[PDB]
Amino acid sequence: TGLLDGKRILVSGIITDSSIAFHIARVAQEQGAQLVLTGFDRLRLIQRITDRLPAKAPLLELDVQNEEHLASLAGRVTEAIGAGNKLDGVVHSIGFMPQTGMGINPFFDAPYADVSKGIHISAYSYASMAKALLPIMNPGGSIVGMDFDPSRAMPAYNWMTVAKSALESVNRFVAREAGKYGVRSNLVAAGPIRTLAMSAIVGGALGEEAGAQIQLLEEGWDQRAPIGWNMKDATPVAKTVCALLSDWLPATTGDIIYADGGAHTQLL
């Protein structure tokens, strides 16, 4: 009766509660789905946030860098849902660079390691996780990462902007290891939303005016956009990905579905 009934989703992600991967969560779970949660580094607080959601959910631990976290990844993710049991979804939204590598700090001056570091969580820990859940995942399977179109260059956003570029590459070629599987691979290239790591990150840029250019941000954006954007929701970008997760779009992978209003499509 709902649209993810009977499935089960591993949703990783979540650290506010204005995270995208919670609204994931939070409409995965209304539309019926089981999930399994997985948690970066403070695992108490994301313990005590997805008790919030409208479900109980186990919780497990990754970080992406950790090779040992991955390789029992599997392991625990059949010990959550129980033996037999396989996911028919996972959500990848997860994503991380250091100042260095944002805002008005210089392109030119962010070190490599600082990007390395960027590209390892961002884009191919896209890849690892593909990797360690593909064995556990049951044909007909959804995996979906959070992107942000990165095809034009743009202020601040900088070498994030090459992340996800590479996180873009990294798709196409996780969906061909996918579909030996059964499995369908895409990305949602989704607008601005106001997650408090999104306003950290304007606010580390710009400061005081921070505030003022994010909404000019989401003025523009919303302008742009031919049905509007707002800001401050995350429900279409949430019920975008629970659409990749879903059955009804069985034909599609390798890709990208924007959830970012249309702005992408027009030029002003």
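We call the rigid core whatever largest set of C-alpha positions still superposes within 1.5 Å between the two forms. Positions refer to the first chain, counted from 1. What changes on going to the form deposited in another entry:
Comparing the two forms between these two forms on the rigid core, the single residue of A243, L206, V237, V36 with a CA shift of 2 Å or greater is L206. Superposition of the core reveals a Cα shift of less than 2 Å for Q65 between these two forms. With the core held fixed, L53 shows a CA shift below 2 Å between these two forms.
Shown in the overlay between these two forms, fitted on the rigid core, is a CA shift at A225 smaller than 2 Å.
Just the form deposited in one PDB entry so far, so send over the form deposited in another entry.
Partners and other molecules omitted; one chain follows.
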């Protein structure tokens, strides 16, 4: 077995054990992948979490806003996996939007400096990670990023929706570059998952008419999904990412795969 046997895969975005990236890494290891991880601010905090993965993995620092971190990334990764070895997979599982761009802050009140930052981290860095890492990927490789369907507007998500729309567009252009390396680029559009990131905005709208809206949005998902949706279980999305990292979707690129219980295909 091992869906990902022999594959070398870089996984960004682990912060806690609820992190989507955490379960992607876990399942990938269960499936025989050898991992390199990146983490952002609290590397020692991140290391404690990554120590509970089924296997050891080098953990490197990557602030996606940091051009020195980006400039050095490929060298550092090759140091980690061994000269003459290349990556077969890359997982981008990172996002951020300042508080003004989400939750209860009026949409019109977000200053562009804040929006711009969120777009830098959530959308542009998909291209910047691909730039850094494509020169060290094997033909038949796979880059995957995380998306939340922004094709319709909704409460609370606000400027992050705009950043995910940008990301979808970025992914299509990354695919054009990656194809030259024989590499695929896709997003997985996940349904809601109880993660540190959304506890943030769920917590940010406690007394408020955005918290109630978010609750309604969540309940509608499991209702719409023909197979249901369990926000407490990240593994169906981790498995989907691993599917795209495997050799089993070899003809799919510039694309989006919906791991959302089928909710997006149903009006109600």
